[PDB]
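Trainee: Here are the chains, one letter per residue:
Protein chains: 2
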Amino acid sequence: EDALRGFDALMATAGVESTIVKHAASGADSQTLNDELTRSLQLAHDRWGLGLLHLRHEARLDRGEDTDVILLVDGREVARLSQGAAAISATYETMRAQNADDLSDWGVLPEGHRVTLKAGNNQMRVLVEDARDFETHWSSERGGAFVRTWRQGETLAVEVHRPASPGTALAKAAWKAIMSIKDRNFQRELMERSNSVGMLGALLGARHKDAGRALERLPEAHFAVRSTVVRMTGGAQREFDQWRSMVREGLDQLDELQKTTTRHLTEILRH
Amino acid sequence: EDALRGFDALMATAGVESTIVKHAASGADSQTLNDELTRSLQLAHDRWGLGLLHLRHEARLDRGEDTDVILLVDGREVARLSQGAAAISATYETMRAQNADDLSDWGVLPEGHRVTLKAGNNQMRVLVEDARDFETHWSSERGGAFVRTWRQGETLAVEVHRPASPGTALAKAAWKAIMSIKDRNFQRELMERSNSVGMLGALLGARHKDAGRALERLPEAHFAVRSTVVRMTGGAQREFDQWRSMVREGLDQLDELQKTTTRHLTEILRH
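Residue numbers (the authors' numbering), protein chains in the order written: chain A, 21 to 291; chain A', 21 to 291. A prime marks a further copy of an entry chain.
The set of hints was computed from the structure by calculation and includes no laboratory data. It is possible that part of the hints are untrue.
As the list claims (entries may be wrong) - Derived, one-sided and incomplete: chain A residues facing chain A' with beta-carbon distance under 7 Å: (1) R134; (2) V135; (3) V146; (4) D150; (5) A151; (6) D153; (7) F154.
Said to hold, decoys possible - What follows is a list of derived Cβ distance ranges for each label pair: (8) A':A191 / A:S159: 54 to 60 Å; (9) A:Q62 / A':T114: 44 to 50 Å; (10) A':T52 / A:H74: 51 to 57 Å; (11) A:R116 / A':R258: 53 to 59 Å; (12) A':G218 / A:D261: 54 to 60 Å.
Virtual Cβ for every residue (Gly too), placed ideally from N, Cα, C.
Please model the entire structure based on the sequences and the hints provided.
Mentor: Structure representation (structure tokens):
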């Protein structure tokens with residue numbers, strides 16, 4: 021029964037408007053349900069930013085009962101939702117790798133000479149206009165963000181991410197939930213307790229918890245949103261102006277989405 | 021019996037030091053003989069410059085008698101040497117295609133955005149240093165030659181060719197063979213006849229021919245050498261200086277080889 025809501029909560033960690041409950045009860049074709057799951061999962065991963073973009077993430081339904089949702093990588097069974105979110109997180113963590121900096125060391129395209137951008141400006145104009153495949157190293161974009169870009173065939177793509185952590189997501193949403201209390205005496209008491217237990221600790225103590233009893237069961241606890249990817253397949257792929265436009269779009273979507281998730285997080289913080 | 025010498029003459033049209041007679045009579049393994057044939061043929065094609073570099077040219081021996089040599093393209097039987105050189109030429113001609121100019125329209129790498137180099141200088145430095153695959157359009161090199169370059173994986177390659185024709189090859193070699201007569205009276209007579217029949221016509225009339233009786237049977241009559249390719253797979257592939265060096269090398273080899281073939285041609289002209 022409960023697999024549908026699990027997956028929806030998972031997706032909800034990112035701006036993923038899953039409608040699986042509106043089709044699972046509609047008798048939708050199993051292959052179309054799986055297809056939609058998979059597209060949702062892939063988008064989810066673009067948002068989470070694990071640097072696992074080099075993999076095929078697929079999602080399936082089970083044939084037996086109690087019907088669960090299988091997470092697969094490259095057609096191999098990896099996880100199931102019934103394992104709880106934390107296990108899925110650790111599973112994905114064993115897959116991710118980081119370089120000398122706190123950044124993904126992987127790269128998207130099959131291995132082999134990722135572009136050492138170094139410096140320069142017309143550096144990439146050549147690549148957008150006159151190049152088959154390539155992928156850049158990370159660009160240390162000054163605006164508090166890191167970005168890289170690649171193209172595969174007729175598809176051009178850019179990703180942007182800020183180094184984040186569910187803990188920063190929770191600090192923001194928890195402080196914001198404390199500010200939204202609108203009960204200065206109770207708020208005062210909780211702020212006073214935050215001095216020793218942090219924002220989250222105080223908020224947990226307010227709801228008759230010992231160490232986040234329901235917290236560990238909920239997804240948002242780990243793998244917050246920290247990245248986004250903009251891609252286009254189509255004539256404009258080499259326009260370059262389109263490329264700056266993608267970058268702008270990506271920054272805008274990153275900021276909007278992480279603020280949106282803090283909004284939803286803060287919301288559930290007060291229930 | 022005669023297939024070995026046919027192939028050797030074919031190869032001899034280009035600087036191809038075939039030794040097939042030293043191994044066919046040595047009992048060499050059939051697969052190694054075929055392998056060597058194939059490598060020779062591919063080099064031959066680099067020299068001839070048909071713009072068919074996008075194909076797999078392979079050469080095989082026959083199992084029956086009288087054992088002939090099969091020319092294959094992409095594992096399909098295309099021609100056999102027993103067909104005479106002219107037929108092989110026409111066969112290859114149906115394969116070649118030329119653009120708005122007298123140049124091959126094909127390109128090497130699978131189709132899709134060959135680089136419109138247009139103008140510019142650091143245009144390509146980006147590509148040698150920071151690019152996976154690509155291939156340029158032809159470069160109108162001022163030095164009476166056209167050149168283009170591409171890379172496939174860890175292999176970087178450049179080709180250079182001059183627009184030529186076996187007829188120009190024969191005009192040069194024939195005039196040179198007339199000058200090498202060293203019999204000013206006979207030479208005078210043949211030069212006088214050239215006025216109406218061309219150099220080749222005069223030289224044919226000197227050897228009791230009507231329209232090149234043996235000429236049509238010999239390879240050099242068609243598909244002269246007009247191109248060469250320099251390729252490297254190895255660290256230096258992105259050095260760029262190595263790239264200029266390849267270009268220099270290619271021009272040098274083109275000039276040396278076409279002069280060498282004129283030498284050998286002229287030689288057979290006087291027998």
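Trainee: Does each hint fit the structure? Answer for all of them.
Mentor: To see whether the hints hold, each was checked on the structure:
1. Proximity of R134 of chain A to chain A' is violated relative to the hint, the smallest CB-CB distance being about 9 Å (cut-off 7 Å).
2. Hint status for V135 of chain A relative to chain A': holds, with the closest Cβ pair at about 4 Å, below 7 Å.
3. Residue-level restraint check for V146 of chain A holds (minimum Cβ-Cβ distance to chain A' is 4 Å; threshold 7 Å).
4. Using the Cβ-Cβ criterion of 7 Å, the hint placing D150 of chain A at the interface with chain A' is satisfied: the shortest such distance is roughly 4 Å.
5. Taking 7 Å as the C-beta cut-off, the interface hint given for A151 of chain A holds, the closest approach to chain A' being about 5 Å.
6. Proximity of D153 of chain A to chain A' holds as hinted, the smallest CB-CB distance being about 4 Å (cut-off 7 Å).
7. With a least beta-carbon distance of about 5 Å to chain A', the hint placing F154 of chain A at the interface is held under the 7 Å criterion.
8. A beta carbon spacing of about 58 Å between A191 of chain A' and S159 of chain A agrees with the range 54 to 60 Å that was offered as a hint.
9. Against the hinted window of 44 to 50 Å, the Cβ-Cβ separation of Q62 of chain A and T114 of chain A' comes to about 47 Å, which satisfies the hint.
10. Range check, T52 of chain A' to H74 of chain A: Cβ separation about 40 Å, and the 51 to 57 Å hint is violated.
11. Checked against the hint of 53 to 59 Å, the C-beta distance between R116 of chain A and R258 of chain A' comes to roughly 30 Å, which is inconsistent with it.
12. The given range of 54 to 60 Å is respected by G218 of chain A' and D261 of chain A, whose C-beta atoms sit roughly 59 Å from each other.
Comparing the model with each earlier hint shows violations of hints 1, 10 and 11; every other hint is respected.
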